[PDB]
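*Asks:* Chain by chain, the residues:
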Amino acid sequence: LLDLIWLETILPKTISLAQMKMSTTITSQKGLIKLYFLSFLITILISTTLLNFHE
Amino acid sequence: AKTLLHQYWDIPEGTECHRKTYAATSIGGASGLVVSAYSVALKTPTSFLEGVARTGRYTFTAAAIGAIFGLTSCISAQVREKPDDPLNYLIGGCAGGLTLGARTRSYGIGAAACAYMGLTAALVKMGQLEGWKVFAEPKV
Amino acid sequence: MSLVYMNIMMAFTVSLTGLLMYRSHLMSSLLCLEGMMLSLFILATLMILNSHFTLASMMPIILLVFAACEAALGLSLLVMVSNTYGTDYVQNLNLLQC
Amino acid sequence: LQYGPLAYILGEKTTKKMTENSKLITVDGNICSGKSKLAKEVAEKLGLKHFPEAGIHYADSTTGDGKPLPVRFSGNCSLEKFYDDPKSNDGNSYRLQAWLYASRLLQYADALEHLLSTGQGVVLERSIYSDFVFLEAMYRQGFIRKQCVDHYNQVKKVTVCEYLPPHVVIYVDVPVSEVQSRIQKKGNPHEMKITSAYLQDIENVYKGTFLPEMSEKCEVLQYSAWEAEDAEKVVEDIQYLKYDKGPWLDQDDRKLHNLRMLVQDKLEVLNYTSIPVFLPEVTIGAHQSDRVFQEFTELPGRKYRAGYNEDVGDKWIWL
Amino acid sequence: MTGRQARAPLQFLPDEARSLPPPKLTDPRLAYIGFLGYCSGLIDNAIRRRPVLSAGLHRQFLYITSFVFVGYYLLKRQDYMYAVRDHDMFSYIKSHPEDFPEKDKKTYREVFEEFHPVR
Amino acid sequence: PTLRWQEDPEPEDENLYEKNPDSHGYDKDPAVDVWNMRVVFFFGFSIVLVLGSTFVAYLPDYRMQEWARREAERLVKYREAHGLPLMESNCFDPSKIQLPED
Amino acid sequence: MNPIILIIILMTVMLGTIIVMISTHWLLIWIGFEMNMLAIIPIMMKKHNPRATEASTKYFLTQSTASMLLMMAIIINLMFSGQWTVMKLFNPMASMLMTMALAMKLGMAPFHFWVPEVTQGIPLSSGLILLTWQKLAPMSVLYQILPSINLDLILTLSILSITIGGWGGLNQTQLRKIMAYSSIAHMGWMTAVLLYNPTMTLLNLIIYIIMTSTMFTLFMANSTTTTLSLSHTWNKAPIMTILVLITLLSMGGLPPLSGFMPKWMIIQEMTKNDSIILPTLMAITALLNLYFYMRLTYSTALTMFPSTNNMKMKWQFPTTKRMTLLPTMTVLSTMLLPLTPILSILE
Amino acid sequence: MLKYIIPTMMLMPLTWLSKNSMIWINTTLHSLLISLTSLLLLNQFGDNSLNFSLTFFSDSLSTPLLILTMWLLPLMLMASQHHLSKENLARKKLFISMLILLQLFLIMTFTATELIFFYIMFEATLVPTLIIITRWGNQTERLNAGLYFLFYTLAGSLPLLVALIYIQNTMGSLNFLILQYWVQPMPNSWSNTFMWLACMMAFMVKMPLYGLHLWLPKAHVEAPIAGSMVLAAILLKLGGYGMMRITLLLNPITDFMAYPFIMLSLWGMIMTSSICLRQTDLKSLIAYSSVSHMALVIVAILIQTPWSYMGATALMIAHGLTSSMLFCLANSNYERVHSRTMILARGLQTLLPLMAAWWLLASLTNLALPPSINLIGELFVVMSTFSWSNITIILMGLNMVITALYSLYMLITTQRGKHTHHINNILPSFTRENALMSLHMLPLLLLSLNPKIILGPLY
Amino acid sequence: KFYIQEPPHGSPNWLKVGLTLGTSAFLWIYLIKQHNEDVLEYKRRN
Amino acid sequence: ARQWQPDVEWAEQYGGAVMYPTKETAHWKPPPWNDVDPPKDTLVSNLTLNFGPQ
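Chains as they are written, first to last, in the numbering used here: chain A, 1 to 55; chain B, 56 to 195; chain C, 196 to 293; chain D, 294 to 612; chain E, 613 to 731; chain F, 732 to 833; chain G, 834 to 1180; chain H, 1181 to 1639; chain I, 1640 to 1685; chain J, 1686 to 1739.
Next comes chain A alone, as it looks inside the complex:
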């Protein structure tokens, strides 16, 4: 109840499962091309008009 199962859920498990889920969400992009260039487009627009860098 304190050491083994609960401490191994609080420190390793949350971190490890968080990194595993962020991996399975980010690197699981299916290999299109239009998706990548639309990502380029939303990157350019969100750099210009939302959080401006020239101003």
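Treat each hint with caution, since some may be false.
In silico BS3-like links for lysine-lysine, alpha-carbon gap of 30 Å or less [as the list claims (entries may be wrong)]:
no. : chain 1 : residue 1 : chain 2 : residue 2
1   : D       : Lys450    : J       : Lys1714
2   : G       : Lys1154   : D       : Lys342
3   : D       : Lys306    : I       : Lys1655
4   : D       : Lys360    : G       : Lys1154
5   : D       : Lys380    : D       : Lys449
6   : D       : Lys596    : H       : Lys1273
7   : D       : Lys439    : D       : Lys486
8   : A       : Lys13     : B       : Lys98
9   : D       : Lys559    : D       : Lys608
Keep in mind that the hints were calculated from the coordinates and are not lab data.
For chain A, the structure is supplied; the task is to place chains B, C, D, E, F, G, H, I and J on it using the hints.
*Replies:* Chains B, C, D, E, F, G, H, I and J in isolation, oriented as in the chain A frame:
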């Protein structure tokens, strides 16, 4: 974005209540627009109506985070009335994390959201109180 | 700011978005890249002719001959893509999945 | 070494050691009938070098010292045990067959190496193509699970879709009862414990699949049993042929250079052997693999690069 | 820290590098580079199946000689760069002496501090 | 029909005794076993342990300890000879201090 | 192809990157980038599969649009204060477009979508030369144009590149995608210092190039592309195991080994400013991107996977490969801890 | 000290260019010679520590730990046979050379000039122990144990580097002498709190404290004997040594922010003594014993009395020797039966009669043998903490009762009551095990005679 | 001689090894020459 | 030899195209070994003409 986060920090802490929640809903709606734009431009949700549904859901959850965060910020600042602690905004970020866990309907995941969002809100208030330069000096 | 430059840069941005978003083929994307090339050529040419920038007038002709051979390389690549298939769709490129 | 790009530029070509002696002829027939007989016959007649059948210890017989290593290292095939019990729960067919596949690929690499290296053309026997025919017939007899057949088929997809076909295939047809009579002449009781429906399936698939997949690439010359020695007739219709099909008229210098530099560096040939899918007859535990590699290093000749290894030579480690 | 008078191009060993004491025999850094060369040749013989500690003795000698040569020129450039950093520092001290005042070096008879008792 | 393996029956139980009854602890080469016993019980005990024991049994004293004893005896005899009490407090000179006032 | 033709094409890759290095003009820099593209295409598709065809297609589209965006930034720079000198720009917008174009050129995390996909379906020589020279070329330009850059762009691309190069790979088993994600992470580390002291950035570039050469040379020790092939490299040769071990652990960045030296000195000349949140974020993610290194190590260097026979057949044959320069680069790239004051060699 | 570093560089190729059945005696003999050579170290006197070079200086905190390290090496180098005799000669040379390299980085770690060099040699200590336990772990989760070990020790020890560079560029150089002279109180800001928490938390992770000690049981049940003893003794007491050196700075805020670490240390010491009272897998009992004693060490560090520091370093050296001995006892039991459990191997009073003397003596040294160094350390820590608070003696004595309890149960579970009369494969007591025990316990009793060495710099 | 009719190398040449020993002796003589010239330069100056 | 070793199913878990199969990504099939896709389709029979009475 920049001008409305400067609007948020222009609102003192301090009690100028629920304009804080208006600014925090605006911040959350901006962040939801960001992540919703990624999630609709990297998925092809098939179709356009489902994409609008996912964007509205993401912006609604993030605006709910900002709204309830600013509400319990004002509630701490008016009830306990300690203006310059990280403890009240630790409580506030935990409130935002638990309401995110409510809107995603997960309980231990909502507790993890409480822990991490409370620690980040404590970091933001704490470093802004002491004064820690964001992103750079950029001098040497 | 010589207001022809305004809608030239605007049409540049629209050509760049045409290079970015496209749904069916790739030759249309390469053609919008050629239009973007034309936009750069025209803007630099009008500037160097305005400024009496007579010494380094090499820029538009050298810019277009180089980006011309770039487009030739792109044509050879699209011919190889269309030759290892029947078409040149954006689809049937999803192999080597990520 | 007289290879690589600099030797290809400074050297003349890879083409001026041609032709009409440098050729790939391949005698292909059944077990115990279509064998080294007519191969050595046409090797002596046509003036053209000869490789034997690809042995189990052929890798020992082609490098190192001529003395073959025991079957702890070159095995564990045990062809006599395969003729004894070809339904082993201990695993005997497919391990043997993958080893013979590597042996066929090694001797075919030796063949193409000797062909490109100055000539002068070789006769082969029991090729890689008869090897997939062997696996197909051996699966028709119900000896192997189909997944393992799929694995060998994947090895065939990788390794065979790389190289050039031979020039001609001299096919031999000998009927089932005649192979039965010749194996009674051969008289090995371990070999006499073979059955005959397996041999029947070999000849059925070996006519029905091998020959249509030639399709005049690897021009076939189909002979009877007494249509043999007859050495004059086989050199006569080898002289008849004209070499139309196959990519041998379209290489012309670059791809011959590529296969010259690809066949040498034999490890670059043999890297594609272990795929792996892990093949529960074929894999080896770590402890056994470690002790087998240590005993491999406990031979005198095969102990870290014998050209530099002491106790045999070569009197020069530069003091 | 940017060049600093690139007039005078890149110049792997400059003119004023001979206006400073060069390193000598049995300096420990070049000895480290020499042991690195010995390990380089040893591991080169360890790549291929030729035996270690043997039959690569000219490769041992060549690799050790080459690394000592390279590291000697690198040490010369290193000491040049540190010396010119020192001279630029003290010359900027000389250029603005007024911007760097001598701090009030009080003696400890008149220094008040805090105590903060731990118990 | 399948076993997924090809190795030995692994491991195998291996008693170190019953090939050298006069063996000491480690492996089956019997002469070097006595060499090892000799080197560890001479160069671990007979020359390390007792020599380090006599080294640490007496050496020049840490913290100048007997020196501090004799120094304290001399200084206490001094201060009791000159009438003033031993261990005068305020270890630094109160005339030689510069107190920041209020 | 011919070997003379490959001599000429690699000579032109050398010439293109040198022209990028050498000119004070902008046109020659753009020509160097274009010639780099034109000559690096035929090194890919050296074999004849459609994998390399689609990889070359993706590379050409991203590479081309990066070059065109760069030329746009230069012509905007001459819309403002007009000269073709490579110095400080005179527009926040032109510098914005220029850093975005160079970010598509080398690969940052908003723009990293093409890098693993192009590095998978290619032979290893093509991947090695594209990684080394395509990360060598734009850093010269960034070194030259650094005093006109808003820090938000370089900082955001650097943080995001380190964290996405960390988070990718944990699902990935193909070794080329692993090394490409490592390339993204080290380019983020190479970018995050450039506004503070660029000597560290070029030093990290030298260290990463030598490490990448050692890495792909030990992947060219035999024909391997997956981890199970590396288990077969375990059971066929013992020295390749410990060399892959030490090079992987130097990519990890551990203090008694050479790959820690670019990390720690970057942390130093970062933190002589008041940047603390940025080093602790970058260094936690530098802890993160060691796990796929460590699972490759745990797979095929210290555990003992079961192997397959015909390795018995492979035991008879010598490793008759060619190494370009393996052992020199290896032991120079691993034992280089006490030569940290060779920082100042770079001026 | 450089004359202690350079024969260790000479001891590495000894292993390589000695031949078959010749590496072993040469390595053992010559490392014992190095034990003599650094038994010659202790010149330290009076006012300062013995300080020689820009490279080196040694305190009398560093002196007994360095002597302990070089003394523990050859004992271990003999201890790690019987599980690699059947392995290869080359892999054996790799093992022994890895041990020697690990010793070299330990000595480098103990005699560091600036704390940057201490950190470099700290994670240099960290790296090869991983390779040792992973290449010869001999249980199916050596994967998980090495992974937990490296990730905890890096990611706890990671902001320490940032904080050291910050102290570098805020107060001049980082040598311990001038930092001893140029300390100044950094009062209650919040950045001071984060910096203190960074440094102290890194060494907390190294101890371990109770909050994240979970790597430590797996790292002792899934490790060979050599990496286990190096890990426990030298690495955990090295973490304590490092906290002892870095705690000289940052005095004014430790009264504000030192309370919760004391809390977690005390309550986790009690809970650790509770959890080791019941578990099987005998090898792990020593690991949780180590967690309990190092929680006591951490309490001793964070209270800041010279009594507390002297008791702390006494407990360091004593538990290092005791835990290494008891690890080798568990290894002897695991060589007898291939169990690692606790209830299987029983009896052993009949069989192996003088092995009982060593089990009794080890459980006595865990039991605070009344003139032993262990009792000296525990006693002075109880003295200083009763000065610090008049009510914390309850937890200390409850720890004492349960400590005696689990040490005695560890004794009588294995070597008391009934031989199971079905095992019938134990060999008689080797001279190797008894030799290793005479190498362990005679120095412990010699230091129990005149312990003026093992008390620290505040002697 | 113990092989299956195939010596690839191993019987040593006398061009490559002599060239390497000659160029390494060349490099030793050159570095000693350069070091003596630089010692003489530093003695000339100071 | 008394030591645990990693096994066939362990290396299967360290195999496939991806490491973590989820509810969608399991169709990401493992790549081939020669990096050679099969010669698939699309008109080996090239073309025809009919010269009629035109």
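*Asks:* Taking 30 Å as the top limit, are the C-alpha atoms of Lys380 (chain D) and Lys449 (chain D) close enough?
*Replies:* holds, 24 Å
*Asks:* Is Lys13 (chain A) within 30 Å of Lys98 (chain B), Cα to Cα?
*Replies:* Holds. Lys13 (chain A) to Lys98 (chain B) sits at ~28 Å (cutoff 30 Å).
*Asks:* Has the given pair, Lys596 (chain D) with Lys1273 (chain H), been kept, meaning a C-alpha gap of at most 30 Å?
*Replies:* Holds, at roughly 19 Å.
*Asks:* Just to be careful, I want the Cα atoms of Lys439 (chain D) and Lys486 (chain D) compared with a cutoff of 30 Å; is the pair within it?
*Replies:* Holds, at about 25 Å.
*Asks:* Is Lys559 (chain D) within 30 Å of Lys608 (chain D), Cα to Cα?
*Replies:* holds, 28 Å
*Asks:* Against the 30 Å threshold, does the CA-CA distance of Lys306 (chain D) and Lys1655 (chain I) hold or violate the hint?
*Replies:* holds, 26 Å
*Asks:* Is the hinted pair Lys450 (chain D) and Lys1714 (chain J) satisfied, with a Cα-Cα distance of at most 30 Å?
*Replies:* Holds, at about 17 Å.
*Asks:* Could you grab the alpha-carbon distance between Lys360 (chain D) and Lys1154 (chain G) and see if it respects the 30 Å cut-off?
*Replies:* holds, 27 Å
*Asks:* For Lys1154 (chain G) and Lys342 (chain D), compute the direct alpha-carbon distance and say whether it is at most 30 Å.
*Replies:* Distance ~29 Å between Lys1154 (chain G) and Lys342 (chain D) Cα, so the pair holds.
Figure legend: structure checked against the earlier numbered hints; every hint is met.
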